[PDB]
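S.K.: Hey, can you work out the whole structure from these sequences and the hints?
2 protein chains.
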Amino acid sequence: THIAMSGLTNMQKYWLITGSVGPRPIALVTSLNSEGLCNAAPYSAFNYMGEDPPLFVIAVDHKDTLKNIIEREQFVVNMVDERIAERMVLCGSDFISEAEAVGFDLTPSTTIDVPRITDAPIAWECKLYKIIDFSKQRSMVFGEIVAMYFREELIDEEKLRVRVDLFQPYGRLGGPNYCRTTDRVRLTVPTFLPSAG
Amino acid sequence: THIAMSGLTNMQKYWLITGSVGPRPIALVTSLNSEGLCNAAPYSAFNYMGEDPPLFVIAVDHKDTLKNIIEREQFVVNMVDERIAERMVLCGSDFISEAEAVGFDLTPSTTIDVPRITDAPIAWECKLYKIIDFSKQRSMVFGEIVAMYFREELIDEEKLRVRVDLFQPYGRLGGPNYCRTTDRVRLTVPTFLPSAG
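Going down the list, the protein sequences come from chains A and A'. A prime marks a further copy of an entry chain.
The entry's author numbering puts the first sequence at residues 2 to 63, 75 to 107, 111 to 212.
The entry's author numbering puts the second sequence at residues 2 to 63, 75 to 107, 111 to 212.
Quick caveat, the hints were computed from the structure, so don't treat them as lab data.
Mixed in with the good hints there might be a few duds.
Where chains are identical, the list cannot tell them apart; a pair therefore holds if satisfied intra-copy or between any two copies.
[What the hints assert, rightly or not] Below, in silico cross-link-like pairs of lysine to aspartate or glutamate (EDC-like), each with a Cα-Cα straight-line distance of 16 Å or less:
| id | residue 1 | residue 2 |
| --- | --- | --- |
| 1 | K75 | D198 |
| 2 | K142 | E159 |
| 3 | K14 | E172 |
| 4 | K145 | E115 |
| 5 | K14 | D53 |
| 6 | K174 | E83 |
| 7 | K14 | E94 |
| 8 | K14 | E173 |
| 9 | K142 | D180 |
M.R.: What follows is the structure, given as structure tokens:
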């Protein structure tokens, strides 16, 4: 089946796009407003872009997240596993401080002023690299990772490796659906090259 | 545990980043070179950015993918499920036409010249929107979705909805690990707002 994008409404495009790219990683962004109030909002139009400098992108609609990031040039990306999944979804509601409304405790960050979520498995302490406006209603936030927090069980500090087996983030699928990362396979890139043709 | 990025090598940053953001969606990009040869290469530094216009981003290293996209201003994003996962991983090898070497058959696209992978569950027919150079060795490719192909079983054509239950893409985790999307939960955003504090 083929479907052209030209025939569709923005809602139809949204459903076909979000239903066909997945599973998506979830950035639960904590940020601070003018008054020191902490906002929290999840975004799955999100991925890393590179390691030198260590940059990622989040697409955000014009929620207070964008203004907080613009003003402070700092924010935290909290990664999402079972321990915070429900409250994460509650943060996506149409609300004030989400972190207070949904019951997230906050823990100070080391390199920046914006706090992380206490129960987060992993958190990136980030500075604003650049905002590219997508449209008058949407912006691409490029963040630079300046440091990372890990629950001790999730990091091999001597090896500088995430313990991949133990870290079990939720991925976003189409609709209100999430994939748990509990069913895995190892597929290695061989050194011995195929040449079937 | 806290780890600053300033202390690390590029390899260490790569491992901590790719181990802490996941699961990631996989864009298996097919593209054409000067001679009509089809290259195929998977990328998980990838996500959609918006629906109006329908744009996505893939971060790519300077593989022939980038030159093919620059020259033709067209390419296909093939989504990845069980049926093509192994060959997808084989395409990531250090090779010539990957599609031939690994045994992908190709099917013509409707709106563009670059073909899709015959066994792909879903494919985006794409035009180049813009390339932003990250560095001399890395570029962010912004693509516009002009049309989509779905296996008939995966699309509710009357409703214009992906059948989310049946579409089971692989997500990328840290290391050579993949999460199958077989263990899901539905978590809805309530209309009834929490106000715990």
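S.K.: Can you give the numbers of the hints that this structure goes against, from lowest to highest?
M.R.: 1, 4, 6, 7 and 9
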